[PDB]
Structures are given as C-alpha cells and as structure tokens.
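Undergrad: Let chain B serve as the given structure and place chain A with the ligands on it in line with the hints.
Protein chains: 2
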Amino acid sequence: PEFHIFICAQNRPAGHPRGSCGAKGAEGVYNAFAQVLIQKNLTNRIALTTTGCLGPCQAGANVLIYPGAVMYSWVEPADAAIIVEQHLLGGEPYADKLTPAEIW
Amino acid sequence: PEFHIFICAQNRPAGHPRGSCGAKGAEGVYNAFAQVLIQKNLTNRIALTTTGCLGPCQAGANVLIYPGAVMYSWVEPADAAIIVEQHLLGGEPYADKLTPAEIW
Ligand code: FES
Ligand code: FES
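If you're matching them up, the sequences are chains B and A in order. Using PDB author numbering, you'd call the opening residue of the first sequence number 4 and step up by one each time. Using PDB author numbering, you'd call the opening residue of the second sequence number 4 and step up by one each time.
It is possible that some hints are incorrect.
Residues from chain A that face chain B, not an exhaustive set, calculated with beta carbons under 7 Å [as the list claims (entries may be wrong)]:
1. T52
2. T54
3. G55
4. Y69
5. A72
Far from chain A by the CB rule (all over 12 Å, computed), these chain B residues [what the hints assert, rightly or not]:
6. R15
7. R21
8. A26
9. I41
10. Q42
11. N44
12. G55
13. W77
14. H90
15. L92
16. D99
17. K100
Residues on chain B that point at chain A, a partial pick, calculated with CB under 8 Å [said to hold, decoys possible]:
18. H7
19. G28
20. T52
21. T53
22. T54
23. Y69
24. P70
25. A72
26. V73
For the record, the hints were derived by calculation from the structure and aren't laboratory data. Here a beta-carbon is modelled for each residue, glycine too, at the ideal position from N, C-alpha and C.
Just chain B, with the same shape it has in the complex:
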C-alpha cells in the first residue's frame, strides 16, 4: 500500500448520545471510495479498510489516511474522488473536509 484509507464504520444504536459514523453514512462513503479505487485501477496500490471508532464521533463520518494520520470529517460520497485525486494522487490534502486541528 502506497496509501491506507481507514473508514470508521462503528455502529451504535440509533439515538445513542455519541452517535456513530455508521449512522452518519459510513456505508455510502466506503462505497464511494471503493468505486473510485476500482475505476482508477488503484485497488492494488491503495488499501481500504473499515474500523471501529476513530475517536471524534461528532465530526463523523470520519476518514483517516496513512501515511500521515490525515483525518477528514463530515465526509460525504462526493469527497471520495476529491480525496483520492487531489490528496492521494495530487499530494494536497483537501482542506475543505480536513478534521479541524483542535479535534485531531
């Protein structure tokens, strides 16, 4: 792996006070990433893995990338290509969805 994409997929019961990335659209986000990776022939260069809780649940859905420990928050399906294209390939973190520096 040149890159490792970690998608928080922790579920908690509906109405849990922490919420959960699972309830915030992790499944749609994972699929957007995988669709992008398959499309661009990247599935042998970039690993895509679900995780439990990554810590900042209220900023979900959360995505962490290694190398770098770069986290993204409030992630939506449309960002998957943006992150792959501009950060992973282009070398520039997508500042619009970077987890705030105070939180991570």
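TA: Then chain A with the ligands, alone, in the frame of chain B:
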C-alpha cells in the same frame, strides 16, 4: 497519535473457507494491547483500533502498525507487550512475528 495499532477483528461464520482473525483470537490480542497501553500510560500516545479484514486471513490474528505499514501475523496475547516495548517504544520491529514479506 505517535502510533496507531490496528487489530483485524473481522469475524466470519465458523467453517468459512477463509477463516477470520475473529476466530483466531483477535479479541484476546486486542485486550492484551489495551492492558499494556493502559498499564504504561500510553492511551493518549498510541491509538488502538479494530478493523475489517486486512487481507492475509490465513496468517491471522493480524495486526498492522502505522507509521510504517508493519504487519504482524499469528499474533498471540504475549506479543502485545513485546511489540509495544521492542517496536513502538524501542524502535525494533519484532522479527519473530513479522508478516512474511511475500504476503504483506
Ligand atoms: S464512531 Fe466514528 S469516530 Fe467514533
Ligand atoms: S480476517 Fe483478519 S486479515 Fe482477513
């Protein structure tokens, strides 16, 4: 996080042809790490997270460490402290349980 410890926790049904790190003692491995981390006051420095399948199921229980993409295979509870101390604190990957280079 200085280090991120990823513990494959994928379960598959009993008798699944792939097996699962779940069936290979992932939970015993995760608990050993957690106990070493809490005991050495490292839970703010080193993140510990469960993951879906990391790929090489036949070599499980599998742990991956970032920075570095260093995977350990056939992991047992006793290795936790070894990896934390030798590798994560001491800088020397623990040669005895490193995932064969062919595989990862
Ligand atoms: S549930 Fe996703 S970061 Fe906590
Ligand atoms: S189930 Fe753990 S590596 Fe596949």
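Undergrad: Please go over all the hints and tell whether each is borne out by the structure.
TA: Here is how each hint holds up against the structure:
At a threshold of 7 Å, the smallest CB-CB gap from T52 of chain A to chain B is about 5 Å, leaving the interface hint in force. A cut of 7 Å between beta carbons decides the hint on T54 of chain A: the least distance to chain B is about 5 Å, and the hint holds. At about 4 Å, the closest approach between the beta carbon of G55 of chain A and any beta carbon in chain B falls short of 7 Å, and the interface hint on this residue holds. Proximity of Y69 of chain A to chain B holds as hinted, the smallest CB-CB distance being about 4 Å (cut-off 7 Å).
Because the closest C-beta pair between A72 of chain A and chain B is about 6 Å apart, less than 7 Å, the hint holds. No Cβ of chain A approaches the Cβ of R15 of chain B within 12 Å, the least distance being about 14 Å, so the stated non-interface status holds. Listed as outside the interface, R21 of chain B is consistent with that label: its C-beta sits roughly 16 Å from the nearest C-beta of chain A, beyond the 12 Å cut-off. Even its closest Cβ contact with chain A, about 18 Å, leaves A26 of chain B beyond 12 Å, as expected for a residue assigned away from the interface.
Distance check for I41 of chain B against chain A: the nearest CB is about 16 Å away, which clears 12 Å, and the non-interface claim stands. With 12 Å as the threshold on Cβ separation, the claim that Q42 of chain B sits away from chain A holds: the shortest Cβ distance comes to roughly 21 Å. With a minimum CB-CB distance of about 18 Å to chain A, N44 of chain B clears the 12 Å threshold, and the non-interface call stands. Non-interface status of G55 of chain B relative to chain A is broken: a Cβ of that chain comes within 12 Å, the nearest being about 4 Å off.
Residue placement check: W77 of chain B keeps its beta carbon more than 12 Å from all beta carbons of chain A (closest about 20 Å). The Cβ of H90 of chain B lies farther than 12 Å from every Cβ of chain A, with a closest approach of about 16 Å, so its non-interface assignment holds. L92 of chain B, annotated as away from the interface, keeps every beta carbon of chain A farther than 12 Å; the closest lies near 18 Å. Distance to chain A confirms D99 of chain B as a non-interface residue, since its nearest Cβ pair spans about 23 Å, more than 12 Å.
The claim that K100 of chain B lies off the interface holds: its Cβ sits roughly 20 Å from the closest Cβ of chain A, which is beyond the 12 Å cut-off. The interface hint given for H7 of chain B holds, since its Cβ lies 7 Å from the closest Cβ of chain A, which is under the 8 Å cut-off. Because the closest C-beta pair between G28 of chain B and chain A is about 17 Å apart, greater than 8 Å, the hint is violated. Hint on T52 of chain B holds. Least Cβ distance to chain A is approximately 5 Å, under the 8 Å limit.
Here the hint on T53 of chain B is kept, as its CB sits about 4 Å from the closest CB of chain A, short of 8 Å. Interface hint at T54 of chain B: satisfied, since its Cβ lies 5 Å from the closest Cβ of chain A, which is below the 8 Å cut-off. With its C-beta approaching chain A no nearer than about 4 Å, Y69 of chain B sits inside the 8 Å limit, and its interface hint holds. The closest approach between the C-beta of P70 of chain B and any C-beta of chain A is roughly 6 Å, which is under the 8 Å cut-off, so the hint is satisfied.
Here the hint on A72 of chain B is kept, as its CB sits about 6 Å from the closest CB of chain A, short of 8 Å. The restraint placing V73 of chain B at the interface with chain A is violated, with a minimum CB-CB distance near 11 Å, outside the 8 Å limit.
Hint check: violations occur at hints 12, 19, 26; the rest are consistent with the structure.
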